[PDB]
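Just the one chain here, the form deposited in one PDB entry, laid out as structure tokens.
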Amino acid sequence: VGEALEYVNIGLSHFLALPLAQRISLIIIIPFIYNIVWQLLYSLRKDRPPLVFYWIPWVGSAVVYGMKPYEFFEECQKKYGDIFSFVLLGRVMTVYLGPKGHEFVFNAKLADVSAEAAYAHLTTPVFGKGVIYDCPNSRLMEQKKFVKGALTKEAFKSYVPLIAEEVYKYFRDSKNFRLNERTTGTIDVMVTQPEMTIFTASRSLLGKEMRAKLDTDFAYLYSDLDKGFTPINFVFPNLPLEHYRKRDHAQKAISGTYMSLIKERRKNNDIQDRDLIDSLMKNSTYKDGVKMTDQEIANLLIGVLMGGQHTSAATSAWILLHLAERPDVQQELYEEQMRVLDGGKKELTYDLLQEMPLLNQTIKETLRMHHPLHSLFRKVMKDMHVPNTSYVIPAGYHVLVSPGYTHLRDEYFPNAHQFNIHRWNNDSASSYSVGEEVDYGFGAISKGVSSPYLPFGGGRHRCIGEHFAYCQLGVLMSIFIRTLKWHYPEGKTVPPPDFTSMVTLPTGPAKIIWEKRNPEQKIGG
């Protein structure tokens, strides 16, 4: 042994007498070989879920998971079952597919997992400090409560005409439409839908003043900030490049605009119930008496508007794209519009939107086939035992849940790759809590999260924007259906999703051809 330990020291010094080319070679080949050896030893472990084999250390399965995560999940499921782990850019990700996985991740105890440890670098450089994932979970819960106070049924009743006004304004003024001058045209829906989404959301949630700013060069800052909302932030949140300086500058200037309005309303004591800014000005004191700063209010507004921006814009893009090859669905939806709105002689209201089940089923079905968020993550903070298994998920791992994968499984949605709005007949609610409820701080929500359909997540991190999204999408599609027909250019069909973007938006350019149902119809103003 003593002689062996001498030759270890000798071996260590001979390593350094190696030619530098042979040294860097060993610096590479040794981790490769050890990674394989480590995986082979790891597969022996019975308190660990199977780990997907991978050749490149640290990188792991990043390429196949990044580009086609559902195909990746399906292959891993056949080989290993519903629980399995894979390496992703230096992280170990433990996936739990299906309703039991929804339950394991979305209902995990607060002390067991942390969303903000998974997401802080993704969002904080875009939204700003002190909100969403740049704060403890208890602050997030109350921020969600504050925002939900502007998302009441009475708010939605007031938002519907404002959103309708913005859609008609876009049809009238946008170069993509100009309905008073053109009866047919071609659009890229990943151009039109982001613009319609920010116009309708800024007008209703942010209010008249902030919508007005979008008619100026200030809109360029929104574009700059929006570019900053990218999954590259997971690995490179800050780099000395113009991309990041334009983003940071936009965050400062946009939040500065929000703060200017806030401080001006406070100065004049002009604080009503007009928008989410009014609401947060009156309702943003935490339960320990600490008040959100004006900077934090502005940053929360950015986060809310930006999250709702990308999910909603992608979703209305997918609705239009699925309907472009379904003139039968367009026709059905049009008949429902004519019946509910008395041939168009009734103005659309929030109440009447609730009397349009087929419209709401079309949104529901689009969200089944196109979950905007294919993977939701948490960092594991304490060792977690997987029930009915011998598995223990150790702290330092991440858990990954994918309701969007199960949305596309035949076992839960027969013919899952068929767009069929009638699978939701007499089940047209955006979601339906069936039994026991629980309040994490922002209102009672469903205690169970085992539904195979979870477009809005569940548990403490559940979306609070579901009813706003349905309101916004409902008004927008109601008007689209009543005003236009649309179809594909010859030989085109629904594009595949881009799974590497911030949401699973359509791979572009995704073009449709519209035509006015009434070429003589004029939009005033």
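Residue numbers count along the first chain shown, from 1. Think of the rigid core as the biggest set of C-alphas that the two forms share within 1.5 Å after superposition. First, how it differs from the form deposited in another entry.
- With the core held fixed between the two forms, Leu16 has its Cα displaced by under 2 Å.
Could you give the coordinates for the form deposited in another entry, as opposed to the form deposited in one PDB entry above?
FYI, this one's just the chain on its own, none of its partners or other molecules.
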């Protein structure tokens, strides 16, 4: 019976001929049926880690992952252990939880994975081109060296009074404070902290000129650039809407202002050591001998400040929120402040910051309970074997590492969900290499990445801003502590994190009430 083949033919014709009702209905029910079958087949393969089950094709587990990612990882971990996959808006994520997860993704060979491949679609439109994830990795490595060159301890001794000047200036003039006119008030930390962060960062990393442009309408351009830095730009990076354009406008606009200042500096020889602009001018020639274009330098500046803006500001928000219900921790930090700065007589210096271990433990502890990035990604370039398993992660897959999840595990942190800065007694450093090191182009960093506290990651893509963040957060918190007490409004406590955004920032409005420690103190100027 090719008479049966006559009928696949006939049947095919009747399919194309039935009402639109059933056809759309079939255009739905066929993919739904197919993927459900496909998964059951997949669950038989054992060169593949267990795939989380999902009903909606393409979308996969994006809803629950997007909303409560650590909760997703946990029930996932109970069911399948530390390695498992799940489908996310078209892509396939293989999650490896714990320190071996860190090792498998952060220390992965350059050939196995790509961060550029994972991130460029989201970062390049915001930062500019020619830099970060819009160049070969080797270039990235040299840029990180260029930037890290302006992040030296002597830069930090110069940044500390600039940053303090800013915080004080903010207490003086900001509508949310007015310390020379108010002794008490309410602020939204989600409003205060991003302004405080951009002011301090701008002033210290981009110099006084660029800090000054933030008082004008120009500031709004940073705010535009800011909203194009969203996970939506990670799925649909370019659809003709409209926040997508103001972003691009802002990119050239902001990048324009930097080149303007850069070109005028080389043209007057105004190239001192003031900021990162001076520094990137004096030092941005690759080792093959190519030099960064003035455009490229500017774009590297947008990227630095943008990255540093969101992590830092979220973190100082959390510090305020956790402290707001711990007058005991405030009392303790204040005593240290009095001891190290001789009641206040001594002026804050980068050196003196290092003698404030409790202040540094608070940043350490907050960064433990609140990692700004719940998920780091790579695209898999070559089929990877997972040690001590038969598992193969084929190329074209994505790997996902999550040190912020381990941070919150009792196993590695007794009472992980309690805020306790004393868990870091005689252990206050931003991080430290528990042994041997390795150098990827931007200096010797730890070779192992099996530390269960890994706030800044590791491997070639490891953060180079930890000492800047601590410096800024250090000055900022030091001053808050000496100037203010603060607490929650009645019946208000720590907000749950909003995971859907770029950084795990708190769910606003997150309000605290400040009062002056010295009502009659006046900030001068």
